[PDB]
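S.K.: The lines below spell out each chain.
Number of protein chains: 2
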Amino acid sequence: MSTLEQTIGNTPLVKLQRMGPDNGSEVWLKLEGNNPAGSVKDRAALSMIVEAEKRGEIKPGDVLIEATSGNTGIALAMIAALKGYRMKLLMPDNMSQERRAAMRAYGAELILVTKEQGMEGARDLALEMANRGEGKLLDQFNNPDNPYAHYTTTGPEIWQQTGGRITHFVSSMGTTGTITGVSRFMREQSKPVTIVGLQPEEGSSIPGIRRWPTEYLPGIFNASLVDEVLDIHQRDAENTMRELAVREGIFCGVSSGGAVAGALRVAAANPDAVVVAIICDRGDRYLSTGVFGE
Amino acid sequence: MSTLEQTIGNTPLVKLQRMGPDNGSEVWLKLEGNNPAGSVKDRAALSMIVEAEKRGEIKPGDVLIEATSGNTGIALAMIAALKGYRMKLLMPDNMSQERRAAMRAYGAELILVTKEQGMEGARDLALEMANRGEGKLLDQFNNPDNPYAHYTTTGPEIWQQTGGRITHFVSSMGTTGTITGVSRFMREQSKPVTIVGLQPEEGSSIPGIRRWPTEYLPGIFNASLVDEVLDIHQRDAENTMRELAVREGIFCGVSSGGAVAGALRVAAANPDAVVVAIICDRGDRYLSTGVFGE
Ligand SMILES: *Cc1c(COP(=O)(O)O)cnc(C)c1O
Ligand SMILES: *Cc1c(COP(=O)(O)O)cnc(C)c1O
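Chains A and B supply the protein sequences, listed in that same order.
Following the numbering used here, the numbering of the first sequence begins with 1 at its first residue and continues without gaps.
Following the numbering used here, the numbering of the second sequence begins with 1001 at its first residue and continues without gaps.
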């Protein structure tokens, strides 16, 4: 609103009108697709770069590097274009060509590793580049500035937007930055707020959500910040995503369908609850995957 | 913000930081991609349906019909899903399959005419359906509720957001609803505001912009509301669109590149001007057309 940076965050909070249970509960959707590049990752991407600037680490013209398997690449390509950085993105070679085009449109340089090398191989290559002087690694799974975005913006906004009436917060977990930052903020309030994390069922594939083995949970994650973990079946996430568009006019991705599937279970269980769920992204980049077909 | 309806409009106004001329002028971008379905057409689509409701014409469950060649179909599919209507969209058979999928995701029914039948044939078929009792035609090129959206929302917002400092308003013209409604509002202010319409050069194809022959200007259009018309070359619109993404982090469609190309000429001509240009949509639905390639 001065510039594009000021359009990150302060996203709408809107109520489901047709899909909730009829038990007095309310389900409110935090529309992170309203961020300029269309997903929640704009918050972490902005924060990682702004805080690095504040620490004197980077200046416009410098090279930034990240390993990405999804929306973080798009968000970082956008912030780099916005703020005047050169962005290098390492990704496994099952990233869709459409998503590669989305990142390239902002001027980012993309680098492949094989699917079998994976995200681990992508991070290792990013470290090797950083050591050669080829750029600064952001490290979204380990960088505290990811959850800090949510501690300072997402959480406070949800509290204000609900007038402190929120009883439950529901987040599909990927990096865990969202749930971790929001929980940290909510824990500071006098009122108890139940923090609900979502993961896929074993064998379910839901873009953007991870079923972390206990031993390989991200560096930024703190199990004690989460009160309950619910599992989401892939088909339930996809069906709920399709239903959101047709019944509510809310056009979002698969993990957002998962978030609402989970929030509906929380709301059904707890009469008169005020449940807030993160809608992680708009549906646009999912159409070419076929997932909006019945 | 109660529901999704309240997320239509009140879009950001952000300044160009790198691409303006250095003559004291300012170029401000009104980000209509922030509307829930990603374009400026959400405003007209909402208004046509809300005003019909106010007139007692339609009630949830009723069938609405529109002939569309672009974003209006997506916007109306979304509003129909939001408000509980059954939407039927008639389009020429050069509509991209991706855009058909975008409309279908909201539950709309799509109907083809041939490219040679065109929009005229699409409107004629819509009238024939309306006469058989198969739905209510919205008629975006003739419906006053299209420009009324911009008279009551877009214009007032731009005035407030600039603190009355706007000197020029720049709009890529399609239906002409945006320029017509905003001009009507601006003309009511004591301060003069120059209204700049953009059309493609003869032989240029810019999605969403029309080069209307004088005799076939839309029903809603009033030539006296426009102070100057500038022509935009297709390549200039496309180059400026690509430049916006790379230099500003603003990822928008071809007509938005055209709007900024035009605004830059207005700003260059008029030192210390405060120029506001409409950014009509986000870039997402353009990636598959190849236009973001250099
Ligand atoms: C990042 C992302 C998530 C998870 O959010 P985190 O803060 O990383 O836990 C969920 N869905 C999508 C589509 C995402 O991009
Ligand atoms: C509708 C539209 C326009 C034109 O706006 P009008 O209010 O119809 O004149 C420009 N570009 C795109 C992409 C559009 O969808």
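Think of the hints as simulated: they come from the structure by calculation, not from any bench.
Yeah, the Cβ is synthetic: ideal placement off N, Cα and C, and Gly gets one too.
Certain hints may be false.
[To be verified] Quick list of in silico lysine-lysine cross-link-like pairs, BS3-like style, CA-CA up to 25 Å:
| hint | chain 1 | residue 1 | chain 2 | residue 2 |
| --- | --- | --- | --- | --- |
| 1 | A | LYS15 | B | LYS1015 |
| 2 | A | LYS83 | A | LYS54 |
| 3 | B | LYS1083 | B | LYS1115 |
| 4 | A | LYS54 | B | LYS1054 |
| 5 | A | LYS115 | A | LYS83 |
| 6 | B | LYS1191 | B | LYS1054 |
| 7 | A | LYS59 | B | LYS1054 |
| 8 | A | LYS83 | B | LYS1015 |
| 9 | A | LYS15 | A | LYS191 |
| 10 | B | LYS1015 | B | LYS1054 |
| 11 | B | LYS1191 | A | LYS15 |
| 12 | A | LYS54 | B | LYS1191 |
[Said to hold, decoys possible] Chain B residues, not near chain A, derived (Cβ > 12 Å throughout):
| hint | residue |
| --- | --- |
| 13 | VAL1014 |
| 14 | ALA1037 |
| 15 | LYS1059 |
| 16 | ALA1081 |
| 17 | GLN1097 |
| 18 | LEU1112 |
| 19 | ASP1124 |
| 20 | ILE1250 |
S.K.: Indicate, hint by hint, whether the structure satisfies it.
M.R.: Hint-by-hint comparison with the structure:
1. At most 25 Å may separate the alpha-carbon atoms for a hinted pair to count; A/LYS15 and B/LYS1015 exceed this at roughly 32 Å.
2. Proximity of A/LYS83 to A/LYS54 is assessed by CA-CA distance (about 13 Å); at most 25 Å being required, the pair is judged to hold.
3. Of the supplied pair hints, the one linking B/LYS1083 and B/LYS1115 is violated, its CA atoms being roughly 31 Å apart against a limit of 25 Å.
4. With a C-alpha separation of about 52 Å, the suggested pairing of A/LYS54 with B/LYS1054 is violated against the 25 Å cut-off.
5. Distance check on the hinted pair: A/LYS115 and A/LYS83 sit about 31 Å apart at the alpha-carbon level, beyond 25 Å; violated.
6. With a CA separation close to 33 Å, the supplied pair B/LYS1191 and B/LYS1054 exceeds the 25 Å bound.
7. At roughly 54 Å between alpha-carbon atoms, A/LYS59 and B/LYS1054 are farther apart than 25 Å, so this suggested pair is violated.
8. A distance of roughly 13 Å separates the Cα atoms of A/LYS83 and B/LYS1015; the hinted pair therefore holds under the 25 Å criterion.
9. Under the criterion of a C-alpha separation no larger than 25 Å, the hint pairing A/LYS15 with A/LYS191 is consistent with the structure, at around 22 Å.
10. About 37 Å separates the Cα atoms of B/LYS1015 and B/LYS1054, which puts this hinted pair outside 25 Å; it is violated.
11. The suggested pairing of B/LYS1191 with A/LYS15 is violated, with an alpha-carbon distance near 40 Å, which exceeds 25 Å.
12. Of the supplied pair hints, the one linking A/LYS54 and B/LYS1191 is violated, its CA atoms being roughly 42 Å apart against a limit of 25 Å.
13. Residue-level check failed: B/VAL1014 sits 5 Å from the nearest beta carbon of chain A, not beyond 12 Å.
14. Not every beta carbon of chain A lies more than 12 Å from that of B/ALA1037, the smallest distance being close to 7 Å; the non-interface claim is violated.
15. The claim that B/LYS1059 lies off the interface holds: its Cβ sits roughly 16 Å from the closest Cβ of chain A, which is beyond the 12 Å cut-off.
16. The Cβ of B/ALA1081 sits about 4 Å from the closest Cβ of chain A, inside the 12 Å cut-off, so the non-interface label is violated.
17. Not every CB of chain A is more than 12 Å from the CB of B/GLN1097 (nearest about 9 Å), against its label as outside the interface.
18. Annotated as non-interface, B/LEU1112 keeps its C-beta farther than 12 Å from every C-beta of chain A; the closest such distance is 19 Å.
19. For B/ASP1124, the shortest C-beta to C-beta distance to chain A comes to about 29 Å, beyond the 12 Å cut-off, and the non-interface label holds.
20. B/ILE1250, annotated as away from the interface, has a beta carbon of chain A within 12 Å; the closest lies near 7 Å.
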